[PDB]
Amino acid sequence: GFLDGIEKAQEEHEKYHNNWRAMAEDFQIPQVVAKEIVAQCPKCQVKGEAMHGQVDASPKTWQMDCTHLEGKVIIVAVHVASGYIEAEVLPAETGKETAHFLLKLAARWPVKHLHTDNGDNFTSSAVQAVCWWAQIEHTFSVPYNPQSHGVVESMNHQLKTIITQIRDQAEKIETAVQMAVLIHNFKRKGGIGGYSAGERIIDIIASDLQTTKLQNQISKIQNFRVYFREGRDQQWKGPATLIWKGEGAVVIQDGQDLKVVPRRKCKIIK
Amino acid sequence: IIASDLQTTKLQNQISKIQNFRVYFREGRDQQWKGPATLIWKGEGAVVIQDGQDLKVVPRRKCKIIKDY
Amino acid sequence: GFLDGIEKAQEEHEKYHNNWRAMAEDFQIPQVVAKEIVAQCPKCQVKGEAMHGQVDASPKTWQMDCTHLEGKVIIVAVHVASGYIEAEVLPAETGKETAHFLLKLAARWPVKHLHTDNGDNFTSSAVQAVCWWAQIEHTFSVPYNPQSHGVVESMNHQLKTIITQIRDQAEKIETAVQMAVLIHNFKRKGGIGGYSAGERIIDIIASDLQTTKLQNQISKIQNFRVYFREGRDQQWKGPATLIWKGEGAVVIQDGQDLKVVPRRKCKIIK
Amino acid sequence: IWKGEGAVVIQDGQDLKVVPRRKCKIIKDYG
Amino acid sequence: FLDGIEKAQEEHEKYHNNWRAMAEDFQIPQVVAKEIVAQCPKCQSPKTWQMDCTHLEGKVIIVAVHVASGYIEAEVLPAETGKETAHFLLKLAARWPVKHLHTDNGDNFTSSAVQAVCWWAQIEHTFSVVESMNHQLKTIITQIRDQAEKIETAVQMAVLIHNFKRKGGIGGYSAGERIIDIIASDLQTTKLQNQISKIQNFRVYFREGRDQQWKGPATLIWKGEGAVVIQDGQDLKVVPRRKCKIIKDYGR
Amino acid sequence: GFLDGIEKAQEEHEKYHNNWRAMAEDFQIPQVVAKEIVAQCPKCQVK
DNA sequence: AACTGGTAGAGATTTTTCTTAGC
DNA sequence: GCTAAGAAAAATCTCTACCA
DNA sequence: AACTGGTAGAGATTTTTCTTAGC
DNA sequence: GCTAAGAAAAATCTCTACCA
Ligand SMILES: O=C(NCc1c(F)cc(F)cc1F)c1cn2c(c(O)c1=O)C(=O)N1[C@H]3CC[C@H](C3)O[C@@H]1C2
Ligand SMILES: O=C(NCc1c(F)cc(F)cc1F)c1cn2c(c(O)c1=O)C(=O)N1[C@H]3CC[C@H](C3)O[C@@H]1C2
Ligand SMILES: [Cl-]
Ligand SMILES: [Cl-]
Ligand SMILES: [Mg+2]
Ligand SMILES: [Mg+2]
Ligand SMILES: [Mg+2]
Ligand SMILES: [Mg+2]
Ligand SMILES: [Zn+2]
Ligand SMILES: [Zn+2]
Ligand SMILES: [Zn+2]
Ligand SMILES: [Zn+2]
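Residue numbers (the numbering used here), protein chains in the order written: chain A, 1 to 270; chain B, 1001 to 1069; chain C, 2001 to 2270; chain D, 3001 to 3031; chain E, 4001 to 4252; chain F, 5001 to 5047.
Among the hints, erroneous ones may be present.
Said to hold, decoys possible - Cut-off 25 Å, straight-line C-alpha distance, at most; resulting in silico cross-link-like pairs (DMTMM-like, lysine to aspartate or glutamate):
(1) D/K3017 x C/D2026
(2) A/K160 x A/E70
(3) C/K2104 x D/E3005
(4) C/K2172 x E/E4075
Just so you know, the hints here were simulated from the structure itself, not pulled from any lab data.
Assemble the whole structure, with the sequences as input and the hints as a guide.
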């Protein structure tokens, strides 16, 4: 048998910390036992699970960060769904200047969600009062994880490369910062629609407003309710709103949730 | 009387085998690996763990979740 | 036409530094002209070509580097084709101790090619005299490019993880270094043949010697020369040595070069 | 098939090909 | 196939050949030839090292020698305590597979530090070749002494000349080629033994020609693509695969 | 882990001589080790 | 004119092996 | 006795951090 | 119990467009 | 007049460094 091999393998891992293939080959135990012996050791288990996530890309989400260049402090804000950049040079990295930059940005463009890191200027009472008055949801990243806001750190890189390209056409650094913002927003194309960033933010916000008005006018004159049968149990749920009846399935709304149900499990009543 | 205890032990066995997981995470400025903690919520990208009566949010790229057989 | 658009596009790139899609869309020139306008600018051209190379993996090649741990200086050497590790703790990072480590290594295992970085201990007259006496070819990497010796830096990582696993079983750091070398060489399996590193270096060197002796005995009694026709011009080359005649092609040796020629372009003479 | 000084001839899936010496590993592979 | 097995058994009954030669001659697989050797009543170390210390020019030289090949590893010690001997033994066991250590009844070899190292690395220590190796190393050291400044350089240069530059023995091999061939042959033996045990955990019910009934449980030796070799009644025989049933066996 | 389950199932089969599906469901060990426990007993047989 | 990224582990997906019920 | 469904155990494939 | 990597450019490979010779 | 070979120009796909 191999039960004595299981005991000798546990003593061997306690001294030498083998991996599972070494024990499964030298003691001739099955591989599930060797994997369990390794999985019950706390001196091992030093490795993550090797995947990446995906940030939020809603049409009113902004991300914000600070960078340094030639002894100055730049503050960068990016519109995530389009790539649109605003930037400024601060005299100090306090919370007063960050609150004023956020107030001017919220006065110019519609902001509803803001994502930042845990720096001392972004976790401040002045930024808290500005977000309260202008009705913004402020969310913070997991600490010491800059991948949670990857768009604004990538735009830090793009801004610094443009600034080194056009540095000899200006005298100060604030002039070169604003020239780099103009070159990024309007003079570089390529991406989703072949647009620049200014054309893309115009298209995204205009499309948002147009599609809300269109489907308000559609949904205010609707009828033809649908009773449908779904779930693990074959029950029947009540009044659902038919949205679009298609070649193969229908789309219903139930309790402010969108669902796609085929034609065999639904009945339409006028 | 006995049959009710059979049903209670079966239901408690399924409840205990649903969500008994351990988590080894990596956190802080100097990112070291720390001891076992209890999994609470698992979304795509990050997890919420309870360690020493403290709730922490760790990404799924910096933690290992060990199940049971 | 678009020739005036070409002139306006050159002035526009001189001021703003557009990419090629912006100029090709705003001035309606073909894309080859816009790519040429960007390619003649020296303020641009800041990007590599996005590939990787492949290091040498001959059966007698070694790579060497130094690392630091708890205020000490470790020196690591790796056999590249198998993954076999030797390591030591040096009292100083000079050239005398590096020459003595290389002399002991060359006395134990056959070394013919050594690859290092450009540190001050590896570019030294003592290491030069040891490589001269023991007949080793010493090659150095491109400066500030650690990817040229990736095997020894990866083994620096593996050694430090094992040392933190077994640190509480020893008192000093030299003891823990030698215990980590034993655990890496003999207690971890998985890889090319399911081997450990010690089994793999034994298999590689034994296979090298066996295959030289076998093909010496084969080639000392050979005959059946082959005249073949190849090249852009249909000429005929002289005496070539037939090695293996196969179903579809033959393998010949010409001027100590191996070639594979099909049957239609070769004639065998006994 | 044949091991040279700078090249190695192998048969791979009924295809004879020539690889450089620094891109090969020759094992007997007990297993 | 079966003709090869019959000729292999008759030739082993005459001359008692080894299994590598029988497999290469009679063109049978290695597990069958190893079973033919293992069934014979008359037919039933690569990891042993020796250590010693010596003196030269007021220094202490410690020498370890692989016995079956004559392979030398040497060093210069600053003292003769048990901690330095334990460090030399730990470095040696970390570089080569050491299973059995043979020494004499010195003080530094009979120590708690050496005992702790042998406990951790699982070596069998035995107290009682190295005299001949000390004499040979001292002759090479005196032969090349004018090329080195210190004694440590001359010691390691003599170890290199002993291991790779001197040829002798039967075929004219050095000590490094001999130690590599010995350890590689032992590795081939252990891998084949793992395959043999994993195959021999099965069982075979076979049906002979001109019958409908299954015979007794014969042990499977080799399971090919079209044929099956079994051991039954102290006899090795080849059955086609369409008259066989292989089932798992639990007879521990 | 199920290693304490392996030890407890060995004590339980030494008393009552269980089968392998019973031990694999009661002690939550994999089926191969439960079949090996039944195989090593000289009085029982896996079936 | 002759230089160069790699190693090992965590999960996910595909494949092979083993027991048992049905005809 | 033969065949197929089901599940367990093993093998392969893609992706990540760290190495001054 | 409600969190998360991304951006843009350098080459390689596949596809579409345009001129011209042959039947 | 119709059709196909050949080459130029455009479109798509995979892979890399840097962002405290
Ligand atoms: O950055 C280092 N490693 C990290 C790393 C890697 F390993 C592999 C990668 F693909 C990428 C990486 F980022 C690293 C740096 N240096 C040296 C190293 O050996 C070394 O590994 C070294 O010895 N010198 C000497 C020679 C001149 C002076 C002293 O500076 C250099 C600095
Ligand atoms: O390492 C940084 N970037 C590089 C990088 C990246 F951008 C994206 C990646 F996927 C990987 C990367 F390696 C980086 C570090 N820190 C901050 C940054 O904003 C920042 O970008 C920051 O603000 N703080 C404050 C909050 C607490 C204190 C001050 O330390 C942190 C340090
Ligand atoms: Cl942070
Ligand atoms: Cl360097
Ligand atoms: Mg920041
Ligand atoms: Mg940042
Ligand atoms: Mg270095
Ligand atoms: Mg290095
Ligand atoms: Zn462990
Ligand atoms: Zn330019
Ligand atoms: Zn015999
Ligand atoms: Zn029993």
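Tested hints:
no.: 1; hint: D/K3017 x C/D2026; result: violated, 52 Å
no.: 2; hint: A/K160 x A/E70; result: holds, 11 Å
no.: 3; hint: C/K2104 x D/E3005; result: violated, 28 Å
no.: 4; hint: C/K2172 x E/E4075; result: holds, 21 Å
Taken one by one, the earlier hints fail for this structure at numbers 1 and 3, listed in ascending order.
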